[PDB]
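S.K.: This is what each chain is made of:
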Amino acid sequence: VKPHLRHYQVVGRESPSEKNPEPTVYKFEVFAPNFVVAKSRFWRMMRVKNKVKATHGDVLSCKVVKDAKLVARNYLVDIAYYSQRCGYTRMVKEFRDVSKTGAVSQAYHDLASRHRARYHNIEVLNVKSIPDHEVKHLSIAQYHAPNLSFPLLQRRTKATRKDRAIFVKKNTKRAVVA
Amino acid sequence: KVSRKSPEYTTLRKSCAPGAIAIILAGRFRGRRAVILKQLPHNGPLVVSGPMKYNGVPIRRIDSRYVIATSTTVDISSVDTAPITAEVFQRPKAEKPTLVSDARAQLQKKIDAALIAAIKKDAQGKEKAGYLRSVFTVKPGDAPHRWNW
Amino acid sequence: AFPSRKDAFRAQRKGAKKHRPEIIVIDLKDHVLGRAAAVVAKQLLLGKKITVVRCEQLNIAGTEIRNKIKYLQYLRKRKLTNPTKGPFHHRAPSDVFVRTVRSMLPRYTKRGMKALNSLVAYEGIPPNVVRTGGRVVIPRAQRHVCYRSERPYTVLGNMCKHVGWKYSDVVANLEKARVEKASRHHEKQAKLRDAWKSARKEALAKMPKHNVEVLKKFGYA
Amino acid sequence: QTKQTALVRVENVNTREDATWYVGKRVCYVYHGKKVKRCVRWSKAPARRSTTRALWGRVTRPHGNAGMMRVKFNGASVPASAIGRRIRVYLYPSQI
Amino acid sequence: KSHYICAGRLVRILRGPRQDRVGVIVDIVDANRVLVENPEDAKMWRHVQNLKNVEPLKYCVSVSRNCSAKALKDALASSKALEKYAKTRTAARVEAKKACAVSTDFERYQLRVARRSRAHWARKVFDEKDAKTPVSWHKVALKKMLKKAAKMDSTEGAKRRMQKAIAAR
RNA sequence: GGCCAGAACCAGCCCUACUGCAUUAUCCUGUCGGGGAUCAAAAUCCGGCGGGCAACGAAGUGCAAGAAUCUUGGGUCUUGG
RNA sequence: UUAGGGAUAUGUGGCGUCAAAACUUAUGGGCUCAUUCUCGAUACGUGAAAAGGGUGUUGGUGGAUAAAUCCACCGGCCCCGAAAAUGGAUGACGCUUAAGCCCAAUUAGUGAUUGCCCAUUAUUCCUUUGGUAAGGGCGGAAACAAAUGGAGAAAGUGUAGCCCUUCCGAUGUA
RNA sequence: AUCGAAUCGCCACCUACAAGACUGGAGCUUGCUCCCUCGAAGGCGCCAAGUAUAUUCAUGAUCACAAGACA
Ligand SMILES: [K+]
Ligand SMILES: [K+]
Ligand SMILES: [K+]
Ligand SMILES: [K+]
Ligand SMILES: [K+]
Ligand SMILES: [Mg+2]
Ligand SMILES: [Mg+2]
Ligand SMILES: [Mg+2]
Ligand SMILES: [Mg+2]
Ligand SMILES: [Mg+2]
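Residue numbers (the entry's author numbering), protein chains in the order written: chain LR, 2 to 179; chain LF, 18 to 114, 144 to 195; chain LH, 2 to 222; chain Lg, 49 to 144; chain LK, 3 to 171.
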């Protein structure tokens, strides 16, 4: 399945005024389901970092960043999440994926599964494609083997939806109720 | 272009063309295979006569909604089909109350003779002759919605 | 059950031959109890007549001791004022399956009671069921596709034999005899099956070549 | 429940795309009464006279993703005694 | 049997819009996903496939991980894996399934005629063989009954009883 | 016939098909240098430098207004003829 | 949020059976095994639980040492803490390649942006009723026996409402 | 014997059995190669008992429970 998060580059600034005739222009990296959430995250970051509110600023661009050609790569994702008891916890993880958006979506799913963290309590600090020899975790390093192979065992193979049946003869493919 | 009041007006689908072999879905000869000859004027019913020698279907009129027009066709241009008019199937009204008229038997005999010859002349004529003798039935496990006709 | 003399005389008078309704026989060996029960309950509500055999080989997830303790907790429930007319705790695997299916049905309506009465359950495959026709399975409810193989499971017959089921050995002996008889008959008739296979092979050399061409086009030759 | 619309499950129709093929087809519930009453061709075809009766309807739309169809019967609802019973889905009005 | 998921392994797509199509594994992303490409198929460009949607085949061409399209084409052509696969019975079954799916009413009638003719000639061959060496129920029963019938019909009372009640027919 | 049923056509609705415009570059190539891993490689990776449309069944990104008339879609026992 | 009926959409809530809907969806990702109040699964509703612990498993963070180790420290789910009186309640069954939990889809790296099911809600159609209702017509238009197109037409609060067209509202204790 | 019914696949090739971390068979290299019957069909049935040279079908008049049902 394609990733549920998209790579957005949000470029914006504060609205020029008499105190600030030439405001600084900020570029922002976000992974969001849509550009509305992308702009919301951009303005949250501008408010909590540069003391600029969305009501006193404007957005020069909210474009998407196209993914590179699909290649099996190792992606280092530096990410952070908030919990009430633990405060802010920052971690760095390695993922095997074909795209930056895919790796970041995998990271979001992993954080939700293992730490019960939702999208709005997670800040992605960085995502980058690292070489094979810089991978630290063995769970990711095990896919660097030049001759890597394995059989598919314990596979629940379902029939095509048009050919699925309720009652099938015991040792034949004949369907009794379908 | 053709005026709705004119007898030459049809909205019949493309599949129910003259010469097409059609499965009869309802009526006495259900499941049989017939040959579509013409459509009666004023957007009337189709006229099918799968040669009565083959399947027993006489020259009959059938609604196009009770027939599956297949992609298999037979060249009808050699068959007259002109004597089959709407007045052939009209009957006198009874007053305060198998046998076939000689005109209807003659029309069937002449049409079927030219219809059988058109099948023989056609390539795969012996296969299509036996195709019309076959009977269509819905079997256990059949999925006509997935089929191509 | 046993036919009335009126029914027998009426059948003779009408002269109709023997009749058997459309009954689906399900080999319940290595099937998940709840999933098979849900599928069978829906099919029974959809007007099907269903016989289920080998109910002693149904599977439940978890340890046999855990499921035994679950059944003992079930057995703990009884009407204190009058245990007779309280819950009735059946120990046979077919009775367990029938209770499970009944709990998936509206058992307090006439429609639900007809659906429940449309079901027949057995231990093993009885003689009146052996030769009726090919048994069927429920792919949605088979253990080898429903259970992680590393997890333990229990067999319904083994679980039931330790809560008060007396006929485990009887069913085992009858099933052993049935399999021996069926294996003997299958060792026989092998000549007939091979003769039919050879006849099908030899027909290809005597039927018309264009018919063989159609058979090869559609994958039957 | 709303008895004006009925749910019909046809054999080998297990997808919504399959159930869309039958939209508009005629539907029949065949049963019998206790006495022989009037029928079509009561005089033309006396062989048709029987305790056999039929209620007709049409397929209106599919129901769900699993090939069910909604059916509306002519003028009146189908009896609740027909639930779990056989229904005939005819191949007409043909569109092919 | 079970063929390993390796770089170069030929797979068939189980379900989806690419079903019944044959591709070659060119890279392994993780435990769940692989990269599949087939230069000889129009719709089989380099794409990501979940490992639940592939069926490993017995053929495995010699390529490296993340191989180029030209290298994949050369390896496929040299190994002749597609030509070898086309000769199997499951590939022919897939093609026959497609033909049956696209078949018309006339084609269905033709197939029915072919199957009926094969059944008729199988019946004739079986009857010929069974007349010589009995395998059917009726022929085995006749073989069993023949000796007893010959013994019990050779008696004079039997013979006279036959003659007398045959002369009346 | 003021009954029952089926097909035709009208009008109005209600569903579906059929898609163009703008974007892309953290991208696409080639080639050098590194770096990597191998039996040797290749690749993942990082720099230069030269190109450039990953290209319309490219992209799951913005917005789409495409007369179901051409080109007899479907439905209306959900309307009236 | 409520005139009385249809169609089509939704909302909250759902799609293993009961029970409509994934005939147990995906060609999505992880986590979890729980032996007698029997793991868990509905907010509100501690409408059941802590302090404290676990060499259960799987994730982080900072050290250390060198074939990879081991040291403290934080999550996640599970377990221990955790005892009441009729037999009993995730809702019943059951579920554990979940039918549990966290996240994410909508037919799945194929080619875009509405899976499906349920309201006295929305949109629309028909009818009623009542308006702080809005308009038209109302000087018989000419003609026109039967045997063999027709009727009616009231200057009007309220009627079988003078007729026609239009719009909007309609639940309710005292 | 009322009684008219609803129901619309036959089999004497399915109607034995087991397994999915497998269940065509080898090899050793243990995930590849090789061989095979090539690992994705229970058999029939569907209108000439069989694939051709046939042959009766109407007026049951265009839908109606198939107006019939020992396959
Ligand atoms: K007791
Ligand atoms: K109609
Ligand atoms: K899952
Ligand atoms: K009014
Ligand atoms: K008045
Ligand atoms: Mg609705
Ligand atoms: Mg349901
Ligand atoms: Mg008035
Ligand atoms: Mg009031
Ligand atoms: Mg009848």
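Keep in mind the hints are simulated off the structure, nothing from the lab. Heads up, a few of these hints could be off.
Unchecked claim - Distance windows between CB atoms, simulated:
{"hint": "1", "chain 1": "LH", "residue 1": "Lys-192", "chain 2": "LF", "residue 2": "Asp-92", "range": "48 to 56 Å"}
{"hint": "2", "chain 1": "LH", "residue 1": "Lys-43", "chain 2": "LR", "residue 2": "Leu-61", "range": "54 to 62 Å"}
{"hint": "3", "chain 1": "Lg", "residue 1": "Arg-97", "chain 2": "LK", "residue 2": "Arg-118", "range": "51 to 59 Å"}
{"hint": "4", "chain 1": "LK", "residue 1": "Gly-159", "chain 2": "LH", "residue 2": "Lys-192", "range": "35 to 43 Å"}
Claimed, not checked - Incomplete in silico selection of chain LK near chain LH, CB under 7 Å:
{"hint": "5", "residue": "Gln-112"}
{"hint": "6", "residue": "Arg-120"}
{"hint": "7", "residue": "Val-127"}
All residues carry an ideal CB built from backbone N, CA and C; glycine is no exception.
S.K.: Run every hint past the structure and note whether it holds.
M.R.: Do the hints match the structure? See the list:
no.	hint	verdict
1	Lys-192(LH) - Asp-92(LF): 48 to 56 Å	holds, 53 Å
2	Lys-43(LH) - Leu-61(LR): 54 to 62 Å	holds, 59 Å
3	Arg-97(Lg) - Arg-118(LK): 51 to 59 Å	violated, 39 Å
4	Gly-159(LK) - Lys-192(LH): 35 to 43 Å	holds, 39 Å
5	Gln-112	holds, 5 Å
6	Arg-120	holds, 5 Å
7	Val-127	holds, 4 Å
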